[PDB]
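Take a look at this single chain, the form solved without its partner chain, given in structure tokens.
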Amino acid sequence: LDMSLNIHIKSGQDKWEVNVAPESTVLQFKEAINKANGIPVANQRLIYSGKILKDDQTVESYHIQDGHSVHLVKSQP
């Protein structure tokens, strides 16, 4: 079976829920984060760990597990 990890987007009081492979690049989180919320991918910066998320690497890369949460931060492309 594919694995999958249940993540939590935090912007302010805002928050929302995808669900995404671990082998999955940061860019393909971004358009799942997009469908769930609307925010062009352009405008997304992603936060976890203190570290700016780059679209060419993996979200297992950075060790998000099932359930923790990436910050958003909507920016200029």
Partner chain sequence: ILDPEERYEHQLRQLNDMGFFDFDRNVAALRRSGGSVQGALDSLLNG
The other form holds:
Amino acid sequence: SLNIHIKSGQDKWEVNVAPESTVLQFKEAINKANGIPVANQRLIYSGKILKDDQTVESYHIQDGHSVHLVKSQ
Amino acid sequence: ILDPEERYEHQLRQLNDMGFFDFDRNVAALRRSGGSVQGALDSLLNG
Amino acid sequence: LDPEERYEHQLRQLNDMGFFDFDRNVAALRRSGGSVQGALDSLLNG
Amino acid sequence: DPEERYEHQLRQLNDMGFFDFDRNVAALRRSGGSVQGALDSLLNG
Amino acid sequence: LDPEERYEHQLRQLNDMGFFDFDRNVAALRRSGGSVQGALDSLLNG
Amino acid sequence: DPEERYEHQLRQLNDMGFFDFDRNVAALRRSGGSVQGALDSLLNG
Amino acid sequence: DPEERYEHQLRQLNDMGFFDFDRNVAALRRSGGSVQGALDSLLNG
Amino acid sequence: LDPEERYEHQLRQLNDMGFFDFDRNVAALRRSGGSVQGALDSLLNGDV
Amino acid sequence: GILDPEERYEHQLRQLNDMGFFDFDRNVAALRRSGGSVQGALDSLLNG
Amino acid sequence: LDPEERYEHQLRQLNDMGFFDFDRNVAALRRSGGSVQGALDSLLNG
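Now that we've seen the form solved without its partner chain, could you pull up the form solved in complex with its partner chain?
Below is the entire complex, every chain and molecule, led by the chain shown above.
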């Protein structure tokens, strides 16, 4: 199981995720613990936008790394 | 003063923190978005 | 004497508000004389 | 070119809530560039 | 080609003296042949 | 159309202080468009 | 209408310093419109 | 207010990774806004 | 008081001096540029 | 911790070599990080 940092503005939030949860799960998981609704969360790791129907581990997001959150719409 | 690295320091950092390492691209994107990270990001993600 | 330089502070505001299209933004801003307030309204119909 | 020609008038009008470009230029052409005049025009047609 | 363009400098003077009514102004100016001086006088009596 | 037809003359007259349109057109029609002549007319009725 | 009818001639006469409308029309009617003739008339009555 | 002082923590890491060239490092770092991660990438392609 | 080069780079100044690099001003110069890295300042010192 | 205590062994060597100026010696030694070798060289030019 993975444990990831999330960043916006000057904010952080921690979330738990199983390596092979989808990015959409990963989004819900943030949401459940920070407000920002799924359909508004645009997630950036390593120069890429994390796409919804991909495994979190497909992006090789290691434990303890930050994935950024740009709110959108 | 009046010098891109100095002028867009805080933004360049955020972009680089997100994996956007290409300087010329970032400055280009940032000039167009007037400094907005939020906008440059969007630019960088489609050209 | 160059749109990106001239409308820098405004372009920034528009972009943080999610208005990413440069050509639209400059078009809207030239028409509003530089007013963000105005360009916003324009961009929302415009 | 209207945006360039009436720049600082367009700004004032916009900074008073008059956001409609076409109306503003129309009003300003009629007042010969006078903000004072275009205002009055905009407040009745 | 075109009253606003043709009487630009005069229209501006009239407007900066409080004479806001375009149709009246052009009417007055056409009659005074462009003379602000003349159109003023006209506007002050109809 | 008198304003259009006597434009350059009406302007000269107005630029000499002769502001009365009807009088000016009247005077000009009589002088066949001659400013020189309409002037003289205007200075005696 | 005399001003309209003798426009071109009235102008020439006025151009030559003959400013009196009534005299000019009178002279022109007699000359059938001929400037050349009205001139002569005006120079002796 | 002065590169050695400003990028101290980052210069150290770069130097700890074998990137000894000061001028290059400061150049790379200014461009990355102080991000070691970013300057590293720059230094590895002579995009600096 | 925070800080002072002799105090700040004590451990490094010692290693440098231990290796024959006696010039203080040079050493401090080199060390500031390497962020305190002995390994890095060495390299600097061996090419000016 | 205390200069006399901290650089005792070194102060001794310097003094043995005729370098009697304390302030100079401590100055030299702080700069060399405690290295007698280095402070010597320093003392011999300034």
